[PDB]
Every structure is written in C-alpha cells, then in structure tokens.
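Please model the complete structure; the sequences and the hints are all you need to start from.
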Amino acid sequence: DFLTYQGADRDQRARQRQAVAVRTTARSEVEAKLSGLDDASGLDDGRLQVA
Amino acid sequence: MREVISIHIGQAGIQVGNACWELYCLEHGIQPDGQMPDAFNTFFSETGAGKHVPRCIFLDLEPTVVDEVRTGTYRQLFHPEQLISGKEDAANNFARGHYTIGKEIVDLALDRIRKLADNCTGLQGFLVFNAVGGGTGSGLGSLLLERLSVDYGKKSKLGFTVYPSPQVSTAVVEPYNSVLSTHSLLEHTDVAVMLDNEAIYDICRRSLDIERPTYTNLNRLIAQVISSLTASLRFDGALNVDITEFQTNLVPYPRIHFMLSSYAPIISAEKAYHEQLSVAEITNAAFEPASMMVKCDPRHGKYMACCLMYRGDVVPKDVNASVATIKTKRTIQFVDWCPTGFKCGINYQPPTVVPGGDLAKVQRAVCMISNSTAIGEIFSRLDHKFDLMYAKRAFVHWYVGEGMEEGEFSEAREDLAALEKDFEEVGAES
Amino acid sequence: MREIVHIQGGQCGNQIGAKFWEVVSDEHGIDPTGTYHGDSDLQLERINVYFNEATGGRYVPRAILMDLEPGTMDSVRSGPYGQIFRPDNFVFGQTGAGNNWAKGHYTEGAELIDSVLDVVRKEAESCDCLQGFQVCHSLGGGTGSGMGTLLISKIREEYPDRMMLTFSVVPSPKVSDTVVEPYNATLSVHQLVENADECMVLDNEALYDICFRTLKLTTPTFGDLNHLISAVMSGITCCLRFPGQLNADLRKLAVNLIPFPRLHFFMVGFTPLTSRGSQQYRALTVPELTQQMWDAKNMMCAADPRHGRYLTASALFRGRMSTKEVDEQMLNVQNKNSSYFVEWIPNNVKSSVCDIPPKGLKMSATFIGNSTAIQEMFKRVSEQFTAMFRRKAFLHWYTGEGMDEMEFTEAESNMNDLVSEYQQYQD
Amino acid sequence: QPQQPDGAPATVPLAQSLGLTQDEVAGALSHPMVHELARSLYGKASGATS
Ligand SMILES: Nc1nc2c(ncn2[C@@H]2O[C@H](COP(=O)(O)OP(=O)(O)OP(=O)(O)O)[C@@H](O)[C@H]2O)c(=O)[nH]1
Ligand SMILES: Nc1nc2c(ncn2[C@@H]2O[C@H](COP(=O)(O)OP(=O)(O)O)[C@@H](O)[C@H]2O)c(=O)[nH]1
Ligand SMILES: [Mg+2]
Ligand SMILES: [Mg+2]
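From first to last, the protein sequence lines are chains A, B, C and D.
If you count by the entry's author numbering, then the first sequence holds residues 658 to 708, one letter each, in order.
If you count by the entry's author numbering, then the second sequence holds residues 1 to 37, 47 to 439, one letter each, in order.
If you count by the entry's author numbering, then the third sequence holds residues 1 to 427, one letter each, in order.
If you count by the entry's author numbering, then the fourth sequence holds residues 305 to 354, one letter each, in order.
Quick caveat, the hints were computed from the structure, so don't treat them as lab data.
Some hints here could point you the wrong way.
[Stated by the list, open to error] Here are the simulated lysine-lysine pairs, PhoX-like style, with alpha carbons at most 25 angstroms apart: (1) B/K336 with C/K174; (2) B/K164 with B/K112; (3) C/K379 with B/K336; (4) A/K690 with C/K359.
Quick look at the structure:
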C-alpha cells in the first residue's frame, strides 16, 4: 500500500506482456491457417471433378 | 516508446488535423469524449485513469477555426490549452506570420512543445502540417521550424505541406508565400511530403466518383496517408518501418528531401464489390501517374527512391511479385545509380473506415511515398508565376511595411532556382 | 560435453531463432514450460549442447537475444516456446538502427555492446568447454549487420580458438526490402572475412523458390521460411547432440570444408523436402535424399552450383542407414560429373552419419557446400554497391555518423579480393 | 403503380408500421450519419441517383 506505484508499474508491465501474448497467439493461429494451404489442401478438386 | 508529436499550423492544419484525429481515435477505439470502452502511445498519452489526450498542438492566428474544434464534436478530446488561438490572422501575409504577429504566439507554441517533450519518453519525430499558400501556414510555419531546429537538434521532421496548384488556387499572393516559405523548409525539414489540392480534386473525381468534393473529402484521404505512414509504429507488422527508416531509405542527399505521395485504393463501396483488389492490382494503382496526390507527371522525371507501406492481409510474397512487375515496366523509370529503390512496409492491421467517409472497407491498402526528379516541375511552375509577380513588384507594399526587406524576395529567388539546378543534375546520368 | 553459445541479432535473427529453438526444444523434448517430457534417454543425454541446467529442473537455452528496437523482442518472448529464455538475456536498445550500418556499428550500437559482452562472458565462463559461438543475423539490415559484426569482432579477440558459425541472409536482386542494402551488406562481408570462422550463406530469394516449387506452398510466410533455416541450424550440430556411427563436430566440418582461410563461405541445402500431396509418392531411401541433396533447386543460396566447380562438399546424414551406400552415393556423383568438382582435391565430399532422426521424419540429411559459384552473390552485391558509390548516393546517413569514404573503398577492396580468390580456383 | 388485389388488407403506413419513434421521426435529418449521407448526395451531382 505504501509502495503502490511499484505495484502499479509491475501490473502495467504484466498487462502489456499479456496483451502482446494474446495478440501474438491470434496472429499465430491466423498464419498457421494460412500456412496449412498447399496441394494436399483441397484446391481445384472441383475442376478435376467437372472435367 | 515509439512516440511522435504532430504540429498543425494554419487553416489547412486545423482542418486536416480534425480529419486525422478522427481516423486516429477510430483506429484505437477512442471515443470522442476520451474514454476507452498499448498501441495508442504513439499519438495518445494516457493521463491518469481511463483518459487519453492527443499529442498535438492546434496553433492558428485566426481564432474562428480553433474555437470550431473547441465547440465541435471533439471538445472533450483535446486538452484545451494545447489549442492555441490568436487575436487576428496573418491573412496571406508572409511578413505578418513570420515577423509582426508571429513573435507573440511562437513563445506560447514552444512552451507547449517543451511540455510535450518532457512528457514523452522517446520522441521519434515531428509531423508538421501547414499550407505554404497561406500567411499563417507559411510565416508561422517558417518561424516555428526555425525554432525547432535550434531547440531540438537532429530530430526528424515530417513535413506534409499543402502546395499551390498551377491551375486552381484560392488566393492571389500564393506565389509570394510559397517561394518565401521554400527557403525555410528546404534547410529545416528532414522530410517534405508535397500535397496538391488539384491532384486530390482529380483523385476524388475519377476514383471516388465524387464530382463535387469539398475540403472535408480531401482531408479524409490525407488522413489515411498520414495514418498508413505511421501505422508501422502503432501496430506490429511483418516488416516494420520506423520514422528514422524513411529518411535513411528515401533521401540520398541532404538538399533533396521532397517526396511525392499516393494512396492506392481510393474505392467507393459500389466500386468495391465488382473490383478484385489484389496486391499486384493495387501496387500498379500506386505507381499510376494520375493517382499521385501532387499534380505532376512522374513520367517526365526519374524515380529516385520509393517507399511502400502495405496494410492488412498482405503476405510478404505477393508484394515482392508486385515489385518485380513494377521494375520490368518500362513506363516507370528508375535512376541508374539506385538499383534497389524500394522500401517495403507490411502491417497486419487493415485500415479502419470512418462512418460518413466516402472510402469503403478494403482489406489491403498501400501508401506510396516516393522520391522522383519530376518534382522539379513542381517548383518551376511557381517560379514562372513568381517571376511575373516580382517583375512589376505587385503586392510588395503589404510585405515591405510589415517587417520584411525588399531583398528577401531576391534571396528566395535563386534559392528556389538552385533547387531547380540541383534536381536537374542529380537525375542526369553520367 | 561441448557447448554452443547462440546469439541472435536484429529482426531476422530474433525471428529465425524463434523457430530454431522451437525445433530444437521439441527435438530434445523440452516443453514450452521448461521441463522434460522426452520418451528416450538419449534426448536427455546431451542437454548441455544447447540448454543450461537451472534450479528446479528447468532447461534454459543458451540464447542471447539482441537488437536496437524492443518491438521484435516482444514477439519472440510472447510467442510459443518464448518463456524458456532468460529475461536478463533479453538485452535491447530503444533507438533503432533504421537500416543504417553506420548507426548499428558505431553510434548507438556501441553502448549496447558493453551490455552484450557482459551477457556473453557470463555465459561463456558458465560452461566448461566452449565448442564455438553460433550467430544468426541479417546482412541487408542495419541492426543485425552493424551490431552483429562488431560483436563478431569483439568476441574474436576474447576467444580466438573457438569456432564461429554465422548464419547470414544476404540481399537479393529480385526481392529488395531495403533501399540501402548494398551499403550494409558490403560493409558487413568485409568485416566478416577476417573474423568469421565459417559462414552459412543464406538468402530470401532461394527460400521463396524452395517453398514455392518444392513444398507446393501457395501462401508462404516468413515463418515458413524460418522453418527451413531452423531445420538446417539443428542439422549442422546434429552429431554434437546425439551419438552416431560417424560423428562430426563443428571443427570436423571446418577442417574439411576450408582449404584456404579466406574461403569460408558455404551454400546450404536440406534434403527431405516434399509437399504433403507428394509425400505418398516418395520412397524414403538414401539415393532419393542424395538426388535432392545435389540438385541446385534445393540449395538455399542464390549461387547456382552448375556455374562454378565445387571446391569441397559435406554431408550431415541423420537416421538409421547403411554406411556403404551412403559412402557409395557420395563417390558416385563425383564420377557422374567430374567437371563440377575441383581436380586437385580427390574425395571432395565429406560424410557423417547420425542415428537419431528428427521429429516426424525417419531419414534426413543436411548439405554444406564450399563452391566457387558463391562469387555470383558477391559480385551481385558489389555491382549494386559500386553503382551507388560513384554517385555517392545515400552517403550522408553513413558519413554523418563518423566514417570516411575510405572505409567504403577498403570494403570493396576486400570484396573484390574475395571474388578474385574464388575466381582463381574456378579456372 | 399496379392496382391492389381485391380484398386488400389496407396496409398501415410505414413509420409506425415498422416502428419508428417520435424522436427518430422528429430528428431524422438531425442525425450526423444522415448529415454525412446528405453531404455525399450533394457531392454526387448527377451520379447520386445512379
Ligand atoms: N486540402 C486542403 N487544403 C486546405 C484546407 N484548408 C485550407 N487549405 C489550403 O490553404 C490555402 C489557403 O491558405 P491558408 O493555409 O488557409 O491560410 P491560413 O491558414 O488561413 O493563414 P492566413 O490566411 O494568414 O490566415 C488554400 O489554397 C487551400 O489549398 C483543407 O481543409 N484541405
Ligand atoms: N528468412 C527470413 N528473413 C527475414 C525475416 N525477417 C526479416 N527478414 C529479411 O531481413 C531483411 C531486412 O532485415 P531487417 O529486419 O532490417 O534486419 P535488422 O535491421 O537487423 O532488424 C528483409 O529483406 C527480409 O527479407 C524472417 O523472419 N525470416
Ligand atoms: Mg486564416
Ligand atoms: Mg572424431
């Protein structure tokens, strides 16, 4: 209570790190779904089926 | 922390800054009263609990536009003492804005800069906004940049100056103010991004399909250019471009610091559905000569250094495929001594859209700020008009009486003419 | 019982090594928390080669992370496998080089160097036998070039007898993120020839080509390119971390691949690369890994090995295999086309076998190639630099930070001397 | 306008058919979004109806 400002800046750093962690996990999920796309992922299968 | 200060000078400064901070509060979710319902540290300073203040100063000699912000929809947002007003305007008088009535208001302006400098931990640059066609934008814009260089050494200054157009312009003595202010911003601005209202008139007419654009419509897409320029600092991206990265990759010489600007997707929502906006499709739209925001022909000159700021869902591969097709195009010309003239900036956040703006929700956007030798035609056309002005010495008594000496037009004459000489020989091959 | 000290510099270094420590910790079985979950006892046998013992059973990597902008360090810390590093090893600045080699090497890099040698020297004497220092950085940028190559120069005079593996990506003609990249690359290679023991030459134009035509990846990201380098950086020191039939340390590779002291730049290829659609068609045998090993498409450098003769080659094989037909296949390609190999080195190719394959693969191999074709990527940066230097473009962002034009002339003096020696052995 | 079918329900007017409040019908033109719509309609001279 007497050193509340030290706790305030520690909590600010913790909240900053948590927010960066959440944003990076969301971006990691997005780039993983982007990187999963390949020839094994179904593309042009409709073209093969219609031919 | 990546923290910058924006300075808006003159009538164009206050009106552009109204559109910029409308985009800036909407990007970070800031409500107009200042309540959040830490990417905002670039522009918004967190004061106490739940309150955010702009890192800007609105100084203008006329009060009628400063009190408009004080009575508009953003009264609770801006700190009221950062907004600087004056008793009377300079009124297209470079002598007034720099010598007579610039003295008593620049002391209050530097005090707000001093208070904002100690508040920010690491300052990255000054985003100065002015119009060189007006008395306050030139004269107070010149005097403030003189004081910024002495007080704050080696800190970058981003200059987005509104420059007079050859055909369409709103005042008679603009060739006097634009030529005199050229001497100040040549030696003192580290980056001078030109702006031309007639080109932005033409950009709005053919792309947005808005055939009666007003000053609100022009400032809204100016706000997108300034936001996408600084979007790398605020939000994490694939290839971050700091403010200091622009000077090291755009200007090869100290006297050459003028760059064009272009925003690639300017598309209405009725145009957005039928148009497939791909990265290669919008990179070609960036380097379109009629899509430049300054009325000049880049085909006439040679490109010297280019910067591409991509936003949204842009993978780092197809930007390179777009760049390779740009290099192979023979219509765009590069200077021989700059084989790698591209700076690429990719940010993952798509640009927000203001409710009420003409722009549509687009996933990907490009802001192109490039250096070319075709911008010697920009100063040459105003050099012809100032030659007619000073030959018969019209409107000089409004300048001589208010402090300025007669030879101050002369010293600004070959200085802008030496800029013509400098731009001609640099682009020349050897 | 030898140790590798790992240093990552700049945005490229902090992003490559994020995938590097993801691969290695998953290979030895360390969880993102920092404990052990390995199935086999051979994983825990060599932990010291990349990880430090900590109190409570924690395994902390020997990684020193540095840059001049703290934005990149927040990404590597907050990602997966990002809390295993020491927080005190996160040494960083706040100004940023801004793609300036003058800034990264002289002005604001130098104050941060005194912080990183405190971290490295505390970590160097922490371990008992220094095998070498491994560094990963970029040559096109300024944060990893200027600060990275002063770090290489300073730890050379402190530890001269230890190895120096440098993983460096170089500027490309086709892809160009930086305008001033010939200035930063040439001034970094000139500071690399007399300091670095051996250099892993990488580029972005080859990884994008490999990810496109081989892996059939429609949307390759940097993280996809980082995985290709991260597989390599484990494959170079694979025999350090595991037993094998024929083992190879770093100095095993250095004595074989370096005929003359200034010819320490190598091209790298990773063998078992196949798309998931084409995975079922491939039969995993040593001739199929070898035929992908020697193909120029699978190389991760801009240099085409068909243009210049192979001065010396290498082989870092991983997995259970036969030492006859591994050794037979290395000498079979030496006789199929002997024009692409140098004549006065009989048995150019060196081979080594490790019996522990990586995760998800039964057989794998890593190629290190000392070829004179790597003069192509040195002429290409130098021809870009000599075009800019004649007009003295973009120079005041270098000469304003305290250097003369004499350092640029001596940078091209060593750059033109490096290609002069490589061209001479091609003849 | 086509003639309504026989036995038509004699449909109620639109405002309180779809449920507009007195404040909304009084200040339809006073809303900022409607003002921006009117500004863009003024800007599109002849292409407003397009
Ligand atoms: N694009 C754009 N240009 C503007 C805007 N407001 C003013 N301008 C430009 O400003 C020029 C007129 O000079 P001003 O900068 O307004 O002069 P001032 O700031 O009022 O200074 P004084 O005239 O001395 O009082 C015009 O030619 C316009 O091109 C704006 O909102 N958008
Ligand atoms: N392979 C790979 N290359 C990268 C990555 N990040 C950046 N680069 C390359 O690094 C170059 C720019 O380096 P830069 O980020 O400025 O290095 P720094 O100045 O040390 O931070 C670009 O041309 C990119 O191609 C990455 O994660 N993987
Ligand atoms: Mg005014
Ligand atoms: Mg041995």
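Each hint tested on the structure:
1. With a C-alpha separation of about 9 angstroms, the suggested pairing of B/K336 with C/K174 holds against the 25 angstroms cut-off.
2. In summary, the hint linking B/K164 to B/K112 is supported, as the alpha carbons are separated by about 23 angstroms, within the 25 angstroms threshold.
3. Restraint check: the Cα-Cα separation between C/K379 and B/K336 comes to about 21 angstroms, which is no more than 25 angstroms; the hinted pair holds.
4. For the proposed pair A/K690 and C/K359, the alpha carbon gap of about 21 angstroms is at most 25 angstroms, so the pair holds.
The structure is consistent with each of the numbered hints, conforming to all of them.
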